[PDB]
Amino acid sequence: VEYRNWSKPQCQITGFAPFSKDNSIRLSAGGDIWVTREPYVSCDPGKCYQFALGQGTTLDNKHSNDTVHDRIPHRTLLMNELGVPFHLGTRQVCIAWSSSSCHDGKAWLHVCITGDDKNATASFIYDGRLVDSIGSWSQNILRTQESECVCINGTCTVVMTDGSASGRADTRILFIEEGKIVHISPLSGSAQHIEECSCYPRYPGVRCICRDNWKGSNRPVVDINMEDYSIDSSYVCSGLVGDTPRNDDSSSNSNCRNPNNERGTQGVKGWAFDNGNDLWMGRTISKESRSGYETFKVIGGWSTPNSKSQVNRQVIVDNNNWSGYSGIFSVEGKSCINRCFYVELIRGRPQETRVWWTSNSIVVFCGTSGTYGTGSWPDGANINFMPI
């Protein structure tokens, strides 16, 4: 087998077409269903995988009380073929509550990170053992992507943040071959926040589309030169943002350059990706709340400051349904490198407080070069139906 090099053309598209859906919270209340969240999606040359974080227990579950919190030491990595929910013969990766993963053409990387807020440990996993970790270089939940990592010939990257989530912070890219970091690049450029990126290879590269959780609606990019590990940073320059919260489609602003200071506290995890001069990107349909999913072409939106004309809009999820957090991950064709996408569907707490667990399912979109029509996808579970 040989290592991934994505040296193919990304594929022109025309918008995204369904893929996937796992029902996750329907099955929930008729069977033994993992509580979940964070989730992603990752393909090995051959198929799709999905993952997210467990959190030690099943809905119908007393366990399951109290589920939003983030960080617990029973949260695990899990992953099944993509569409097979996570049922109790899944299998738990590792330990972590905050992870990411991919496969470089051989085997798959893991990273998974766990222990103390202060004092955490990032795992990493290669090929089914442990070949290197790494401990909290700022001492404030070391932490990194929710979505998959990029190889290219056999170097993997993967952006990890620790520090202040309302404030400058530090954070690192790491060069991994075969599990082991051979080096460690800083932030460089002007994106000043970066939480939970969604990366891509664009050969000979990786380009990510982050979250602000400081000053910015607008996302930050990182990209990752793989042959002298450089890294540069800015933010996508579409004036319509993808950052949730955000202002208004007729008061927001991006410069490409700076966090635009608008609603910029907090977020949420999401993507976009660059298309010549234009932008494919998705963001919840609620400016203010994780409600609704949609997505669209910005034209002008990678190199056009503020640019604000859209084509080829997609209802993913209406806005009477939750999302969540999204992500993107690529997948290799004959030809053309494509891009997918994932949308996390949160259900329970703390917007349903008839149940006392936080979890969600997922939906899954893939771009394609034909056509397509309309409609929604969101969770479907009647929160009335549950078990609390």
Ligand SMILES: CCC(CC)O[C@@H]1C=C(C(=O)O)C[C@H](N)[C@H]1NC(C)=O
The other form holds:
There are 4 protein chains.
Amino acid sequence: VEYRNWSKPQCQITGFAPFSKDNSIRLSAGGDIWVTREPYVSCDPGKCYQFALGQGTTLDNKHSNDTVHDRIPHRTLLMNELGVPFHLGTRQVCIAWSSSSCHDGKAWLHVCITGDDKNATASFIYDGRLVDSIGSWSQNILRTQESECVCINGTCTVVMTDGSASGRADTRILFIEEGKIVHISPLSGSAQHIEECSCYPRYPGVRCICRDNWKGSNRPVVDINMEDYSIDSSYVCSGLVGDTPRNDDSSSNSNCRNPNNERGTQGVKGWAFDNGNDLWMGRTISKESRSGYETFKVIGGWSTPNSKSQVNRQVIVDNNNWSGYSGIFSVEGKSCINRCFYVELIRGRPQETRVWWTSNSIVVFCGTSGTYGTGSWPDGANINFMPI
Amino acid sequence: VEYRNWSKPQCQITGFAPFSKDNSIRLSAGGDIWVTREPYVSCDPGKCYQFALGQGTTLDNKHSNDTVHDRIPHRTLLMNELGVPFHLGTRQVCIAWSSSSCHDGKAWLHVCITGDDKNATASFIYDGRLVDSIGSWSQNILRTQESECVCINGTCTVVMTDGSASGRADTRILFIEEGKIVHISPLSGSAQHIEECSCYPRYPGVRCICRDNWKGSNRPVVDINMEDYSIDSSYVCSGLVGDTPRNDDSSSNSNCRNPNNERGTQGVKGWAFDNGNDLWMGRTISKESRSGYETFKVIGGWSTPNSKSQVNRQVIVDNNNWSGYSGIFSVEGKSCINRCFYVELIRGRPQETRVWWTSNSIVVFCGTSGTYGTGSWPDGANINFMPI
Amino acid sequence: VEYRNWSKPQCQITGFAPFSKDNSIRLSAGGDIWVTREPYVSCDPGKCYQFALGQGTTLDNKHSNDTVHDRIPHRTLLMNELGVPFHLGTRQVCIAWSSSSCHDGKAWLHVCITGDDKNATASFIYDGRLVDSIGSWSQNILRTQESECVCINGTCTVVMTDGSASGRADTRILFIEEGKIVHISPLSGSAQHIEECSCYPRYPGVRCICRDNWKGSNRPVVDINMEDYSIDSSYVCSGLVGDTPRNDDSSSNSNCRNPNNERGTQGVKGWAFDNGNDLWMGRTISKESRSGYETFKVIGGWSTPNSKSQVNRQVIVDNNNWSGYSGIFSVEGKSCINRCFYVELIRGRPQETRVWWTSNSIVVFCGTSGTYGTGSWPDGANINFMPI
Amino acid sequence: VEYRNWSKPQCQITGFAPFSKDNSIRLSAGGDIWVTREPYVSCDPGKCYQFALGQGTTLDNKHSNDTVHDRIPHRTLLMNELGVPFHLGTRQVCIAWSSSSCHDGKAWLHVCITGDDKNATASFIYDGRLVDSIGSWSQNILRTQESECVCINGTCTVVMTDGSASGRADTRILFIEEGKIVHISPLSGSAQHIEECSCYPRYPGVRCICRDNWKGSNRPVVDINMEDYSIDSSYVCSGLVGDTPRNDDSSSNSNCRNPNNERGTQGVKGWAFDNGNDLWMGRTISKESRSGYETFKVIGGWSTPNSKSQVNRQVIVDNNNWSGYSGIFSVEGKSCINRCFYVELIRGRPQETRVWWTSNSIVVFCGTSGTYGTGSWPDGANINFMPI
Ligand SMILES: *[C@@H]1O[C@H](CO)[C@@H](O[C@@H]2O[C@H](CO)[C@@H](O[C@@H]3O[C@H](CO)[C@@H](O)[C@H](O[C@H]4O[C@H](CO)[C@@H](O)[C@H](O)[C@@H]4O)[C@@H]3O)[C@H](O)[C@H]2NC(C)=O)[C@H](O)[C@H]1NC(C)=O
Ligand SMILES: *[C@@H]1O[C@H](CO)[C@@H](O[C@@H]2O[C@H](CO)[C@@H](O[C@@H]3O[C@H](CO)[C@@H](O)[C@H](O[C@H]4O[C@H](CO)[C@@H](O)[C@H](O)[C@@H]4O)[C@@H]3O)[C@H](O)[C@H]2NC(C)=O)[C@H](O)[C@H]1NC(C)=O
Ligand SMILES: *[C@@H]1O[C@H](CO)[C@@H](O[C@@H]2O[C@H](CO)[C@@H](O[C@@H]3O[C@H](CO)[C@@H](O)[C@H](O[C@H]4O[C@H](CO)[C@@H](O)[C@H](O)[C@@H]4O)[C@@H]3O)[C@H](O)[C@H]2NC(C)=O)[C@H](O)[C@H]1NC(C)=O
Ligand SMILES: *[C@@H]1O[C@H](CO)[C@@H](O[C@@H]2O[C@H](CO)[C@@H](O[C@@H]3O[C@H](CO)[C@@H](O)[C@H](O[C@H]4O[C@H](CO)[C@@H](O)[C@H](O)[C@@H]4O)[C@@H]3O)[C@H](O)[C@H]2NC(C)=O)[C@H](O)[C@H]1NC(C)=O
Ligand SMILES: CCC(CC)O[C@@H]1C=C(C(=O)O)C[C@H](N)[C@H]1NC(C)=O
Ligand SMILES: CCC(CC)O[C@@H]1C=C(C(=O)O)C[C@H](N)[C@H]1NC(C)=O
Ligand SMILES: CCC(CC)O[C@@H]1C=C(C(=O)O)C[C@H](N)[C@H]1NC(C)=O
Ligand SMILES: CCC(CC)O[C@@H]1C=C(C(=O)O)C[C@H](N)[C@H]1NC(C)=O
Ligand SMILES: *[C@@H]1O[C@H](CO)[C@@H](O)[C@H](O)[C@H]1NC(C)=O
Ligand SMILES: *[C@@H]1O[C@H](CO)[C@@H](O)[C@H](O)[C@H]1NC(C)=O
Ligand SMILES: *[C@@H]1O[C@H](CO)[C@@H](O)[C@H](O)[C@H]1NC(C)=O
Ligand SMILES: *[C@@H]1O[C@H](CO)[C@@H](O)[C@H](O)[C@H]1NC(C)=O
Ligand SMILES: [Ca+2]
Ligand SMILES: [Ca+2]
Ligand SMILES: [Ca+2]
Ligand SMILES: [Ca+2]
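Given the form solved without this ligand above, produce the structure of the same protein in the form deposited with this ligand bound.
Whole complex next, starting from this chain.
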């Protein structure tokens, strides 16, 4: 087995085609299924896996009550083959209320964060053993991507933040070889707040589109040089911005450099990627709520400040249905690297108060150079049929 | 691993022997089991798998209600080893309300269709990744085989239809290499309506026996030339016709070339295969309903128009029990290629209205050159014992 | 991978040590577990598997009602790793109300019998495909070992019977190469009735200890010559006889040649094996009921007619607990072939009428050259705690 | 594959980082999960497994009642990948109410003890087959480690005791090659009572830290010479003693040689390991009950009698939560051998009498050379939510 280099061109895509759906919540009404949130997808060279953070309980279980909370000691990272729902034979890979995972061509790295808010621990598990750990550097919820990390030539990189969720924080980029931290670079450039990065290989480097939780409804960009560990950062140029909340399309702005100060506080994990001067991106359909999900290409979305000409829109989840986090993953093809994404479909509290739990299912799409139609692939559970 | 060529003679069979049964519905009354329909079987070079289209729910689950409907966004293709019932650890391979799968000797291809009736998307997934997609060409339920596709020397073929279910439609034959569509041929020949083809390798080509939903109770044939991509089509010669509905045996006809215009509208997926001038075929025992299942050889059934002399009949499911779809799969032996088939055993609505769901189990038989006796292997669930 | 020859001496044993227990019935009271009977064990070169005939239902399921019956179309052969209870992810290997399985060093052979009592079909499945089948030869419940067959140098042998259960029947010994029947030898010698053989390799041949259901409470022996397909048969010499029912030890007899005509009608599947002039054997503790289970060595039990000197007795299941069928399996060690056995622990009807089902768990012991103590390892379920 | 030698230096650790948690009890309230106790962890060269002794029943099951008892014939050793909770697909590896398991680099050895208190049997199962057995030598609960054994160059060693739990007993150290007992050494040295050893490779030998159930709240040490089979024993020097019960830190003593006669009777399985003159150890936080769990380094804890200066304390489970047994396992890294440990988190009787069962979950930590924070990772089940 050889290390991945991702040294192929990006697949030229026309949009996205359906790839996977797990129907977790519908199944939870007639089966023992894990309560989860913060899902993601990552693939080894042969096949894909779905990950999520468990809440230490199944849904039809009194312990599902009040699982809206983000951090308890019982949260563990779950890992199954993509499309295998989180049933009771699911492996809990590590203890984690925040995580990232990636395969370097030889083995899986898992970055697992747990413990006290003011003094958390990140464990680095590689090829089935604990190789390293780091403690909190700002004593304020050490946290990471909630999606796949990226490895080139046996060096994996992951973005982590510690500090305020509503003000300047301390973001660092780790470089990890076979589970061992070999270098840590501080964030540099013009991005002013970084959360929950969605990163992808862009050989010879790695590029991340993240969440600004402080002053931006435009999404920050972090560029990671894998050769010298140098970091740059900025914001997605597109005037059609990717965060939630955000302004209406007619009054939203980005200048590529600064947070836009437009409903900037709070946010949601999301993704985008560049193709030359253009941008492919997803976002919730609602400007204020985690409802619906759409993708489109923005002409000049990568290179032209405040560009708003979109094309090739697809509805993934219609706006009468709940969405959630979304993130990118990359899949090596015969001659190119494809970009895929997942959407977290959050059900229960706080939006749906008939039930006392909070959980999610997922839907997953992959880039295509072919053609496609239309649809909507929401969670699909009837809240009135659920155990409360 | 090398590509399959299927370049062995067809096994000379005397009939069929019992191979597998999953007891899905019986188990669903005391366990968490997927609601399914449109099952099939396909084998890699070592072992066989059962497939079906899930309805995004287990049976003992309020979401099972009104699963008689064919197309919802929560339908996914399920895949287990043959004989492993669809329990909660079952992998959902893709999103699909119509599908076909096949192994080319190196990896699995899945053809998965989902989305809006008037604008569906077919995804092509090979070796664990999305390689291609195509959109609806006639804006009227793009759809495919619901049984295995067939690959020779790395090229897989699958038959797809888009358009009216009760009139002239637009049928196309796709040729796919490692998940990439390399050629598309329109239907040609004398078949006037094609649905749900049951295809098999007949080196150097592929032969399909399908469903005419418009004017024929005789089954159409599609012949696929894998060298030059040319297509031919006709109808099975046998005067003992394979569709349901159909006329009784004394008043049924086929001329090998045209739909017979005998209770032609509607149909059921089924199969047959040639052996020289003769034909092995299955059909429902009832001429009007999806009840019972029988196989037999028709002497001159392939070559002689309106041939009605049968021999080697076997009852698979007696006529007091529900059947459903059936399809062929092929299994490479040491010196010959064997033909096998599955029968979908549909329980629930519309035939059984005590319950609100519709689901199925399967029974599976394989060609034998040996001897055998008699029996009947129906679904076996007591409708009165089931969750409603 | 090479064919097994079993060409090592038999391990010299001092008795038997505990090996496995599945606790099936206890688990069935809080879990979805298959209803079964007629279990057995067989091992490939690396590890062991438990087999049993399912009843097409779980225990906590209304379909478990009246599963005392031996033959229904829904019975399938289940196969798990030894000690994995028959949960809903269990693979149903074939359709069978009577079976035998064995691994030839390269792949699994399964012999699966199903269909009508007067016209059954035996399917021969090898390396995941149906290779052969045979129909009933006496039109009266074609049936086989309910324990492992035995293969030497790629030829597997299995004993089958068709005809009366209470009078002269037609017993045949099949020789099978990669699933294909290559020879069938009729029973020969002095054994007058043969059921449910427990066979083991005794290089260069195979030896079986079976059940006489007609005139003998002494167990018949069948010796199979794998070189020329010739058959011999006789009865176990031991005056301590192995069948149930049987006479008291003080009035039981065997002359090694004929059925003893001592409570000869009916019986139970069991086993024994030779070591020089001596015999290792198991039997129920009760003379009339399938209750308890004991093993011991009979001095001169193989060579001396009517020998009754036993030594090295062990209680496996005390006589306040239900037993059932038992059978031998053989396991290749570094320098010798070991003999192991399983005991079926039948619960429910007809003996326990609080519940309407009949099922079983298993316990498994292996020969040892070491030392051991005492115990009792019954099913362990409280009938009053069970779903009815 | 080659035999393990463990011939690398011990990793130099700063403390421990979170590795795994199974949430067994929380899940048992909404799923079918085994009742267990006496868990441990052991890894083959690629991955780690969790083990425990089942009670022949799931928790939500009337058979869970009165599972506080230590020895019934239905107890079996369960084995899953680490983090896969004990669901119904879990393999029962052998029959055992006391056990030890270890991988020698080529295959797994399991030591499984069951049967009558006064005449137990230990079975030795290697590479999937029973290779040896030994009977009770003192007729008083033959018993072993309840954690991993240790193998060097194909010879595995395990510590076993037979005799009084409250007085002089008969402890022996076994040496096992491919499942065959090749030598047995009696305990020698100054340890006066040995139970439940937690052993680890310390090339060229094996070192064990155990439980004195008679006169010591200081933990005994057993040193095993793998070259000549000689045995030495003593007590851990640390004045901060590891057993429960024990005196408070201001009045506890150890002289490295004798049991301290300080609340010596009874105990709990635990662990410690040397690093030069210092000692890493865990213990319950409570000095009288199995409540809480803490680790720390004792400066001079290995070499200096009655040393009480600690550093690098970590809370693993706070003292408001139940703990239980704990044990060490070792994991080979690239350049060093790491030490890890598990903590059994006992729920139910006798401490929690709302329910009638006794079961456990686990939490697992591994040595780290990096940094870490703080937390508490208790079982987490609400006793009021549980089936009784
Ligand atoms: C069948 O499916 C195909 C493929 O999905 C679909 O074609 C697509 O239609 C959409 C909508 O017209 C196209 O995307 C648009 O492109 C134009 C630029 O040409 C943009 O102006 C659009 O943006 C706006 O309008 C949106 C609502 O449609 C607003 O949400 C947005 O804020 C802008 O105002 C949009 O991006 C897309 O390019 C095609 N795709 C292709 C490959 O042609 C077709 O319409 C479907 N037909 C039916 C009957 O369902
Ligand atoms: C034990 O099992 C064997 C194998 O299954 C069985 O032998 C089979 O019997 C059937 C029925 O007789 C044979 O099939 C028939 O063949 C004749 C030609 O010889 C056909 O005319 C028959 O067709 C019609 O009759 C059917 C009703 O049986 C109608 O459904 C149909 O519309 C026609 O009118 C039919 O195909 C078959 O060939 C044999 N198979 C072999 C290998 O011999 C045997 O009968 C069973 N034993 C007992 C006692 O029943
Ligand atoms: C601890 O365990 C050991 C090993 O299991 C056990 O030793 C065994 O005891 C039995 C019973 O005494 C021995 O088997 C007997 O052997 C004599 C010949 O020496 C036979 O006569 C016995 O047969 C009869 O008695 C039986 C009842 O015991 C009747 O059922 C039977 O019909 C005959 O009348 C019987 O076969 C066995 O040989 C030893 N095994 C060894 C290896 O020594 C020991 O007794 C146990 N001790 C305790 C206190 O539990
Ligand atoms: C964030 O997490 C870090 C790492 O866990 C943590 O640092 C650790 O703090 C503990 C507690 O101070 C240190 O352990 C102590 O070391 C001193 C020697 O310097 C010992 O005297 C202590 O022993 C006693 O005190 C204990 C109570 O704390 C008693 O239980 C005990 O009986 C003794 O009386 C104890 O071992 C540990 O060394 C550091 N670890 C490192 C690597 O620095 C830090 O405190 C956390 N941050 C915050 C704000 O709490
Ligand atoms: C801790 C601040 C962080 C980014 C604002 O909040 C996240 C937001 C979440 C959210 O907005 O839904 C849920 C995440 N599980 C949470 N992360 C953690 C580690 O608790
Ligand atoms: C759309 C026409 C097509 C063939 C007549 O209908 C099928 C018939 C079915 C049927 O006759 O039972 C069920 C199939 N699930 C359905 N296929 C789709 C894709 O919905
Ligand atoms: C059919 C006669 C045969 C031997 C007497 O009866 C067996 C006895 C049984 C028994 O005595 O318990 C159960 C077996 N499942 C049955 N075998 C079959 C094939 O039905
Ligand atoms: C028999 C003495 C022994 C060590 C003191 O008791 C153990 C203590 C236990 C305990 O203190 O919790 C539980 C163990 N399951 C038990 N071991 C056996 C084999 O029954
Ligand atoms: C969930 O917990 C809350 C707070 O204790 C309680 O009011 C509510 O009844 C619980 N819900 C259920 C369904 O038990
Ligand atoms: C299924 O849905 C129908 C329509 O809403 C309803 O009348 C019926 O009661 C439902 N069935 C069950 C079992 O709840
Ligand atoms: C089992 O079936 C019998 C016969 O119909 C019936 O009398 C009995 O009530 C059934 N048992 C249960 C538990 O439903
Ligand atoms: C457990 O057993 C005891 C003793 O028989 C009994 O009193 C108690 O009710 C049982 N518990 C349950 C939950 O049935
Ligand atoms: Ca924001
Ligand atoms: Ca028709
Ligand atoms: Ca008899
Ligand atoms: Ca003590």
